[PDB]
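This document opens with one chain alone, in structure tokens, the form deposited without this ligand.
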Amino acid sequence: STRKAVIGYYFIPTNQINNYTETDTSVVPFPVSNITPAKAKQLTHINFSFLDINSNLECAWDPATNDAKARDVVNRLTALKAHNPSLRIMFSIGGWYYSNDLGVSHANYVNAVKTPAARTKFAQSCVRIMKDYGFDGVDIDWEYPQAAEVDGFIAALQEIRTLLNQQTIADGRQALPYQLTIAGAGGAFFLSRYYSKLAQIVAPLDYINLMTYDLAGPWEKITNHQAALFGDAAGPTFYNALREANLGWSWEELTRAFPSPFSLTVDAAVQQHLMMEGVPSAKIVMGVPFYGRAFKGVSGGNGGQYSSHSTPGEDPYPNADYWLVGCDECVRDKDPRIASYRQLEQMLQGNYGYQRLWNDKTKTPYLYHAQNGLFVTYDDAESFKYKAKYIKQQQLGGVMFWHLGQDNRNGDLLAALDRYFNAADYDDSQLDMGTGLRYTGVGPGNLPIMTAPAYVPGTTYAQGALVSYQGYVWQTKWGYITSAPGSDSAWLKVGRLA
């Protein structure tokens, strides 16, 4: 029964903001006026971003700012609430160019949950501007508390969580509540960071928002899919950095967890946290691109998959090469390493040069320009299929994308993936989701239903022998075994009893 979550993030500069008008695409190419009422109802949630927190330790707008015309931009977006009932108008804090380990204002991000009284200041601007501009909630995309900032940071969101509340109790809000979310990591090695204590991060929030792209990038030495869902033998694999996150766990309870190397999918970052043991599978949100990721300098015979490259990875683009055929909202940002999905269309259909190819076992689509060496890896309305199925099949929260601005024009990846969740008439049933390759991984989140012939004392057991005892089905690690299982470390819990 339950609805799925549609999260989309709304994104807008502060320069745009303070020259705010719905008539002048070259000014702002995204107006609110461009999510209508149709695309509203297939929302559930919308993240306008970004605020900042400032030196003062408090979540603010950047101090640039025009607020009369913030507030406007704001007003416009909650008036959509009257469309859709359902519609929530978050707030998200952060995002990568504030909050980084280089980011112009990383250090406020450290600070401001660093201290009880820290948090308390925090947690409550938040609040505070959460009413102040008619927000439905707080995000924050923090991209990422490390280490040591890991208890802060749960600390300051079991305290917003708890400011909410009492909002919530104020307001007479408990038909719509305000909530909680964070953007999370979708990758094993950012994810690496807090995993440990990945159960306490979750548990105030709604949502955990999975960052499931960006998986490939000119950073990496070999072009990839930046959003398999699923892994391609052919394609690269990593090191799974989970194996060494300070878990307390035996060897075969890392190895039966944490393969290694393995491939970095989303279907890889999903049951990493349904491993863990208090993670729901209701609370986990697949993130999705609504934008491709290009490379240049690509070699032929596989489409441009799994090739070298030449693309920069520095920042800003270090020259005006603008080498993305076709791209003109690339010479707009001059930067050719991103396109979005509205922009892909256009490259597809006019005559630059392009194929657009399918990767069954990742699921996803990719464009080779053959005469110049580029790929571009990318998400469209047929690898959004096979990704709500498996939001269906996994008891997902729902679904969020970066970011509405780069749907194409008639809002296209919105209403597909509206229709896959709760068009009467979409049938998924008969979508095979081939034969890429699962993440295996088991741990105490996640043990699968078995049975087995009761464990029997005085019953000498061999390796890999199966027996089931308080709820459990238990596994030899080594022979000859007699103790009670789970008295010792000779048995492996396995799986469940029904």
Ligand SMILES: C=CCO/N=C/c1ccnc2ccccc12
Second form
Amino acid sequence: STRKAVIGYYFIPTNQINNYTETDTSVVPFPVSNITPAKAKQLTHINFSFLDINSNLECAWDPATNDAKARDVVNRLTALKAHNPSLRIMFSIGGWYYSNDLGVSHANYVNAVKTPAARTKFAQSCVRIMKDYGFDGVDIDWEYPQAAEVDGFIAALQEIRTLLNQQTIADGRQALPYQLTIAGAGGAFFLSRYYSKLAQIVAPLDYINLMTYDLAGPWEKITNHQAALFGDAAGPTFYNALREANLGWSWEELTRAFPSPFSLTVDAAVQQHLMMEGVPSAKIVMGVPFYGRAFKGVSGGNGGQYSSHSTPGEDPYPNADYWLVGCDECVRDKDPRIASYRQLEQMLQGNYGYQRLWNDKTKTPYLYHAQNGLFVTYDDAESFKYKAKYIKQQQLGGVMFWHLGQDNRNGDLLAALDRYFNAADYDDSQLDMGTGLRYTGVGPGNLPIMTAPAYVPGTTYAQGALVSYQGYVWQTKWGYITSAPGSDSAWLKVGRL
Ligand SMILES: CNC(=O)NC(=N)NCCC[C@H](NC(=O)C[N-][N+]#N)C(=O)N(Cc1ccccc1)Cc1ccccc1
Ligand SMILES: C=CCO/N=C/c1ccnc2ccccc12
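Can you switch from the form deposited without this ligand and show the form deposited with this ligand bound instead?
Every component of the complex follows; first up is the chain already shown.
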């Protein structure tokens, strides 16, 4: 019933705002007019990106921004709401460039959330900006608060939420209330920073949009799919950093929740969220990439998958060798390591030497250039069928993607997502989800339904015995136990009645 969210980032750099034009793609490749009425109808949210936090610890435009041109761009976006009364134009604060641990504005994020007075000044500036520019809600993309900063981040979200709710009442906006989201970590290493307090982080949000992409890249030793739905036992595996989070759980509880090593997949991130009590499936949104990540220096044998590679990891890209054959946008952007889906379609179609291959465990496509030794991991309308089916089966809130300019000209990726959720004639009941590796962790938030004989006082239970008691099914950790389940450390809660 409830419509799935379809949240697309609209990113425009300052120089493009300051020189905004809808009639020159060499100046602005993706002007607002490319978001046609048909596309507008298929989105529920557009995340305008990025604003920042300044040294005055307020939400702010990049100070080089021409304000009149900014308002003009934003006005074109909010004009789209004429075609879709469900559509929201959010704005996003942060992004990797501004907010990463070494980013140019990082200290402003740390300081803005640090004290009650700072949080109030910061929260106020967010709602002020929202009202002043005509936005419909606030998205926070801080990558990422460290475990020490998490309490301040939580309080900042809570305070923003109160101010948004006030604003909704003031504007009589109950039909389309102002919203709050974050872009959340989609991989266990960064997720471990705030994982233990995930319920408090998600409580004030309408959605947490998981960045379930960038799970492979040149910083890793071995090529891999950047957004595998499920795991491939042939691919690399990773230490499960969540088992070291400050949860206060027992060895058995930790082990059951956090297998290690594990496959870094979209399903892993989603299940890791669902394991936590107080994190509802309907607030979890699955991020998908509208771009691929490209690697060079790869060996043959498995289509370039799971190979060592010679892809520079430095930022900015360290020379002028744009080796991703056929990638014209890569030349424009001086970086052969990222290619939009729009460009990847053209690369396949041209005489450039790529084969499109498919991994039926991960349910994702990849390109392999056998002659030069290149590998590209990306997503397409086919991988989106499996991801859409997972979103529905797991009762997730919807899909998020980065970014709108990377869809092809006809908006085929966006149209596919909309079709999979909303087309009366689309049927995926027989779509086979495959035998790729599922993340099997169980935690307090995702106990399965079970039945077992009622616990009987006086009975001596062997290790592994299952009983039902006071609403749950419990398993003895060793034998021989006679205590009431939940009264001491001998029983593990394994299911709910
Ligand atoms: C919604 N927020 C996100 O999606 N964030 C996110 N993906 N953060 C991590 C990715 C940062 C990315 N870095 C690289 O790609 C490293 N280069 N290499 N190899 C980045 O900062 N940019 C490229 C990018 C961004 C998002 C998704 C894929 C690639 C530069 C950038 C360009 C425009 C806006 C923001 C960042
Ligand atoms: C490859 C270009 C540099 O951009 N890198 C971003 C980055 C660096 C290290 N680890 C990461 C993990 C996830 C996403 C991005 C990165």
